[PDB]
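Asks: Given only the sequences and the hints, what does the whole structure look like? Please build it.
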Amino acid sequence: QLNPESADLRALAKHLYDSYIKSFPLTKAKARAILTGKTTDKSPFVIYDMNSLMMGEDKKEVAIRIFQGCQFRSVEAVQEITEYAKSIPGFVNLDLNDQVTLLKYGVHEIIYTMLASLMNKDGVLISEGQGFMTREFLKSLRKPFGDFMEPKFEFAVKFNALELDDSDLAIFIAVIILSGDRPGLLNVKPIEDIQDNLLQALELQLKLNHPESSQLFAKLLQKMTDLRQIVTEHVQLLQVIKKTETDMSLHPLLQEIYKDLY
Amino acid sequence: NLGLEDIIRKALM
Ligand SMILES: *c1ccc(C#N)cc1-c1cc(=O)c2c(F)cc(F)cc2[nH]1
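First to last, the protein sequences are chains B and D.
Throughout the first sequence, residue numbering follows the authors' numbering, covering 203 to 261, 275 to 477 in sequence.
Residue numbers in the second sequence follow the authors' numbering, run continuously in steps of one, and reach 2272 at the last position.
Don't read these hints as lab results, they were simulated from the structure.
Heads up, the beta-carbon is just placed ideally off N, CA and C, and yes, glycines get one too.
Hints may contain errors.
Listed below are several chain B residues computed to face chain D (Cβ distance under 8 Å; list not exhaustive) [what the hints assert, rightly or not]:
#1 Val293
#2 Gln294
#3 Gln314
Pairs of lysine-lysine residues, derived as DSBU-like cross-links and limited to a Cα-Cα distance of at most 35 Å, are as follows [what the hints assert, rightly or not]:
#4 B:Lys354 / B:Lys275
#5 B:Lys336 / B:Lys224
#6 B:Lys224 / B:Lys244
#7 B:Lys275 / B:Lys458
#8 D:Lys2269 / B:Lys319
#9 B:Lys216 / B:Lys230
#10 B:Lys336 / B:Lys319
#11 D:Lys2269 / B:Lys216
#12 B:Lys230 / D:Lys2269
#13 B:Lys422 / B:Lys373
#14 B:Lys474 / B:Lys457
#15 B:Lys261 / D:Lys2269
#16 B:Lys240 / B:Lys261
#17 B:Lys457 / B:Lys275
#18 D:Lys2269 / B:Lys457
#19 B:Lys422 / B:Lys230
#20 B:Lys474 / B:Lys458
#21 B:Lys438 / D:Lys2269
#22 B:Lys367 / D:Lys2269
#23 B:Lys422 / B:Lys275
#24 B:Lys244 / B:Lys367
#25 D:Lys2269 / B:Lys224
#26 D:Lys2269 / B:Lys301
#27 B:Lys244 / B:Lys232
#28 B:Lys404 / D:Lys2269
#29 B:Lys261 / B:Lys457
#30 B:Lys301 / B:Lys367
#31 B:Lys373 / B:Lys244
#32 B:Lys319 / B:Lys216
#33 B:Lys261 / B:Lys367
#34 B:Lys336 / B:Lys438
#35 B:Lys232 / D:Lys2269
#36 B:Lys224 / B:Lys422
#37 B:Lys358 / B:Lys244
#38 B:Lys474 / D:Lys2269
#39 B:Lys367 / B:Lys224
#40 B:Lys275 / D:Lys2269
Replies: See the structure below:
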């Protein structure tokens, strides 16, 4: 029914969506527009192999340095999420220690959600959208770099096939931040109260926006399980790096590309 | 992570 309680849940979805637009300049729509070839101004250049990697050149341990470079390039991402989170009603009133825990775990899952926006089944956008690195070229790289991205492409293709838009993703991301099961939380009940209300608004938003999917609410919450998995897969990745004593050599151009991913 | 939580704390300010 259209009543005060629903109107408020549509008011929250709007407030979130507007905040989401202010915080995050690269929308999914902007990103999708580039992948499907709609942009004719300075179209992205494809890197699909070694020879094309040299041509695209004009625009510690190797693994540790890739990871430090991508964290530094992710500082602006972390800041924009924190800004987004401060606009979620009730967030700034939570224990300051808990705000940090929510965000310290949320960021990685949210960055993978946005990274899916940059991926299709052929590859991924890089260099602020001036490059397109193929999925098969990444998979073809030597161990252990060859396996870095391929679990994320598999996740990203399912997620993208649900056809969420920026309105959907704003509430989704707000559900991710206000997760009451993070380790170290002190006052779970106020976090869950917020999340419960955010889930009501997410449910409604998916009913009005996605008639073609009767269990899309369920399937989207399942995708939170899969996001945490990629995050745990990175920890394993660090152990595979420690044990590795094969030549960890990698073209400096590939290291720069990899500093653009996550 | 210690740097990460440091970035977050500065942002929340
Ligand atoms: C950055 C650049 C490329 C890759 C790959 N493959 C991974 C990163 C990166 C670095 C980092 O410190 C991370 C985390 F601390 C937590 C994560 F869930 C992912 C992550 N990815």
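Asks: In ascending order, which of the hints set out earlier in this document are inconsistent with the structure?
Replies: 23
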